[PDB]
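Spelled out from the first residue to the last, the chains are:
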Amino acid sequence: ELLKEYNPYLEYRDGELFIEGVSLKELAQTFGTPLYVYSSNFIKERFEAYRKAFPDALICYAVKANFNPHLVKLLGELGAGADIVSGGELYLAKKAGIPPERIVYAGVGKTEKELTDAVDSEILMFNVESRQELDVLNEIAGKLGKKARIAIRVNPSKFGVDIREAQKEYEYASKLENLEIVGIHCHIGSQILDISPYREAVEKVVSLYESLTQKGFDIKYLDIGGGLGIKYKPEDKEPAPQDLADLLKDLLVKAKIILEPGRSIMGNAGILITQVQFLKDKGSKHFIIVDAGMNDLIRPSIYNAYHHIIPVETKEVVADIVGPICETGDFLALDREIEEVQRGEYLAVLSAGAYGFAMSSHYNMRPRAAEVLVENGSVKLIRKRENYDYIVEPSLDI
Amino acid sequence: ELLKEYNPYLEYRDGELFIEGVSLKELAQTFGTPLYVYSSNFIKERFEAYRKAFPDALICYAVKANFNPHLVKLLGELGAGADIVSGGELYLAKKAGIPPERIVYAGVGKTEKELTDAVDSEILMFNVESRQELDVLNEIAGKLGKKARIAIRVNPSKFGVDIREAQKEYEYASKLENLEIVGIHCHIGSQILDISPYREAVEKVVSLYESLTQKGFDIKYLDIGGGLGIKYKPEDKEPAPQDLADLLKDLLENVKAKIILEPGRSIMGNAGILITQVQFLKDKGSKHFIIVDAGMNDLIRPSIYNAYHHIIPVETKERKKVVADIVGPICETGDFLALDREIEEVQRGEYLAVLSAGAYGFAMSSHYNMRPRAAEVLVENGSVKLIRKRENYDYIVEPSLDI
Numbered sequence: 002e003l004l005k006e007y008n009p010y011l012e013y014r015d016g017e018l019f020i021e022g023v024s025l026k027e028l029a030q031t032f033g034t035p036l037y038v039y040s041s042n043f044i045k046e047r048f049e050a051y052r053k054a055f056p057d058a059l060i061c062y063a064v065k066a067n068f069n070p071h072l073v074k075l076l077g078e079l080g081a082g083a084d085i086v087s088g089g090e091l092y093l094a095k096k097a098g099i100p101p102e103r104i105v106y107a108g109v110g111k112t113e114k115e116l117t118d119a120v121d122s123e124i125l126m127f128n129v130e131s132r133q134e135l136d137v138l139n140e141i142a143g144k145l146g147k148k149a150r151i152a153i154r155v156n157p174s175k176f177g178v179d180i181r182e183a184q185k186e187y188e189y190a191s192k193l194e195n196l197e198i199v200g201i202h203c204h205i206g207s208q209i210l211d212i213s214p215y216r217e218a219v220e221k222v223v224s225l226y227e228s229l230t231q232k233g234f235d236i237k238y239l240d241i242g243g244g245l246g247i248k249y250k251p252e253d254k255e256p257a258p259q260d261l262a263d264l265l266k267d268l269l272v273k274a275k276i277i278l279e280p281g282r283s284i285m286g287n288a289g290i291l292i293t294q295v296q297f298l299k300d301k302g303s304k305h306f307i308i309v310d311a312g313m314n315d316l317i318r319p320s321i322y323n324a325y326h327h328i329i330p331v332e333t334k335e339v340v341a342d343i344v345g346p347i348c349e350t351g352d353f354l355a356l357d358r359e360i361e362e363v364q365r366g367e368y369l370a371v372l373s374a375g376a377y378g379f380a381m382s383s384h385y386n387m388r389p390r391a392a393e394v395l396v397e398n399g400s401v402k403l404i405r406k407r408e409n410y411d412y413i414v415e416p417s418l419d420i
Numbered sequence: 002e003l004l005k006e007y008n009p010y011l012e013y014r015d016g017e018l019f020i021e022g023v024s025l026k027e028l029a030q031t032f033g034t035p036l037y038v039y040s041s042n043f044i045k046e047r048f049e050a051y052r053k054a055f056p057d058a059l060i061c062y063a064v065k066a067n068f069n070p071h072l073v074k075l076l077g078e079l080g081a082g083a084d085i086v087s088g089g090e091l092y093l094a095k096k097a098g099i100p101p102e103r104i105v106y107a108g109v110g111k112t113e114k115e116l117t118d119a120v121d122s123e124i125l126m127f128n129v130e131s132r133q134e135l136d137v138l139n140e141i142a143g144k145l146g147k148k149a150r151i152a153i154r155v156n157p174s175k176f177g178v179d180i181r182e183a184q185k186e187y188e189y190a191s192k193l194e195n196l197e198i199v200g201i202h203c204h205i206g207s208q209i210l211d212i213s214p215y216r217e218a219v220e221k222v223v224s225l226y227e228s229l230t231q232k233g234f235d236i237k238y239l240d241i242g243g244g245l246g247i248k249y250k251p252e253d254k255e256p257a258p259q260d261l262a263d264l265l266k267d268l269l270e271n272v273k274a275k276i277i278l279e280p281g282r283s284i285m286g287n288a289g290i291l292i293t294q295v296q297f298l299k300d301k302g303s304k305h306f307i308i309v310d311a312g313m314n315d316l317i318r319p320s321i322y323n324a325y326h327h328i329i330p331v332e333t334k335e336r337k338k339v340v341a342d343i344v345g346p347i348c349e350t351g352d353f354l355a356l357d358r359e360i361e362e363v364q365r366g367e368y369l370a371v372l373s374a375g376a377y378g379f380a381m382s383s384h385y386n387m388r389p390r391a392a393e394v395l396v397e398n399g400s401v402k403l404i405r406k407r408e409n410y411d412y413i414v415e416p417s418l419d420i
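Chains as they are written, first to last, in PDB author numbering: chain A, 2 to 157, 174 to 269, 272 to 335, 339 to 420; chain B, 2 to 157, 174 to 420.
So, partial list: chain A residues that the calculated Cβ filter (under 7 Å) puts toward chain B:
#1 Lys-299
#2 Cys-348
#3 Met-387
#4 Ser-417
Covered by chain B, according to a simulated footprint, are these stretches of chain A (three or more residues, beta-carbon under 8 Å):
#5 64 to 74
#6 79 to 91
#7 124 to 135
#8 305 to 318
#9 392 to 405
#10 410 to 416
Keep in mind the hints are simulated off the structure, nothing from the lab.
Each residue gets a CB set at the ideal place from its N, CA and C atoms; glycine is no exception.
From just these sequences and the hints, can you work out the full model?
In structure tokens form, the structure reads like this:
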């Protein structure tokens, strides 16, 4: 059944949409809309899928997908690590109780302060994006009387280094006193449904691993990144962690494997509930105007991304489903076939748990949505709805 | 001179970039980066250009361009109205001292509470986007024992109604007892450098006005929208408010109605600049990357529109220029401020100025990657006011703390 392919904790009961045994109509009425609703057991089940498929690997949640501290803590309690790209993500992981030995720091978002905090915190590994970054980390570690543990990010566009020029970076890094070389990192892409390219990519990593091992390097960690795609479109068939493990089994090695899933844990975990405000026709074209926009979920607008949209209440049209934002590009779906809806009725936007709230802004002075976590009939407000005061607070009495 | 074409308060002094007599390097060292910096006198002078060009018009600032309450207050003190599209902008306009008699409400961003608040506030005019909205506004006004003053948004997208079918909506609205029909609205587009289309557009509205007046409607207001473009590219030549007034003078002589304009970008756009510090240089094959501390989280226009913003060094040093991608801290391939752009070779620690960032800049700034948003400062004749403190991590997640 299509609905349960997206998320098995979703069901219609007597024409009413439920998540983990709680009515979405009741949630919308109680907490208001727009509303982000997350399944606790979906998140746990997806994390556990990685642990079952890769029992000896460290599974670092990619915090970029969703920064809600209650969600990061949920994962932390199951033994998740944290793949971080900023000092704010470090702060969050620490707040969530994820220990530094399970934290890896990727990307180019690395100011002097952020790096100082991370070195001082003794995180597992920096996934290094430039030679200059090697020099900067070396200086910082020296000033703290510490070692910074590193991996070079290799590409088997601003990111990584061609794997064929990677040994050169490893050799350069070996000369810097305050660096300890401990890993190799790749991250080959995102929303990957055909997992075939992972085999060649990991082959090349292991080939590099063997070469550096022969060269005398002690590579303790192979971080093969994230990027496993999820079901967005009805016809999408998503890979499972077990599929990846099957693919890479005869390639994988003494080094500890690290994986960095984000979307494949959070994406289908969350749904966005929005209320229909107005219907209008222009010529033969139909518009359904709702209370959520690109300010709440930006993916359709900026990527032309597909999110499946369903009615919260089923009853007995092709339309643009559009938001409140004063932009022609503010839509959630274009030329989309849906059952006819009326003012006041609720729609569920699926697959909104990753890169959803995370990219939410205050454009048009719109406070962001409340966030609710549901677990087998129980409810927890994990982010209060903002008010106007919150948006402009840093400008008040300053 | 190129820089003054963007903003005449910008200048180099002995190799150092200044705005209104304040060094950008000092501001960057004092307040940190990323930093949004605004020129007070630029904002005032753009607004006054509209006032001088259209002395009998209501000039409604389009709050969507920039919601900083100190900047909105600045315009409100000059007699600006507010063109709003949400309850949040209503709140903001009111806090900034803009009276509801100078507030107009557009867009499809109109929930029951927002509409109730605006009707209750007795705003000048609702620019109505649908017939169902007419019914809803009428129902709400009745419930408050008030009248809602309306215009129909006409298209001479999800917005407006074919002007050829607007008269049917005016007829429909005349039968709704809690609405008072007072206006006609058009908003023809945005970032318009060749103003030619305004003539035909306004001609259609003037013809509709004549037709409605003959039919017995009392059209007090003609709100002809915003959309005047600004200089983004070195080769762009922006129109002046006086150019629009010249184009429309004879056309508007036909009407007795008070004219309303809704400029956003043309007041704020070149008023603001984004200062960012270089973190890393990186070469990858034949490409030079200049990695800075500001990204799509701070200014989204390059990433999502492939928009051109002019980028200059805060310190000129008579160095060779290079072609570079100027990219931010965000973990996306699409997080860039400029691609394949010529720029003076700059080093780690140096600052860059991203021009034309005052409109749809901070307004679209997010917390993606748990990045606190930039401080905002307002410069006026050698002195400065902090108009938004830099956020911290606690601010981002505050609504999740303790319930």
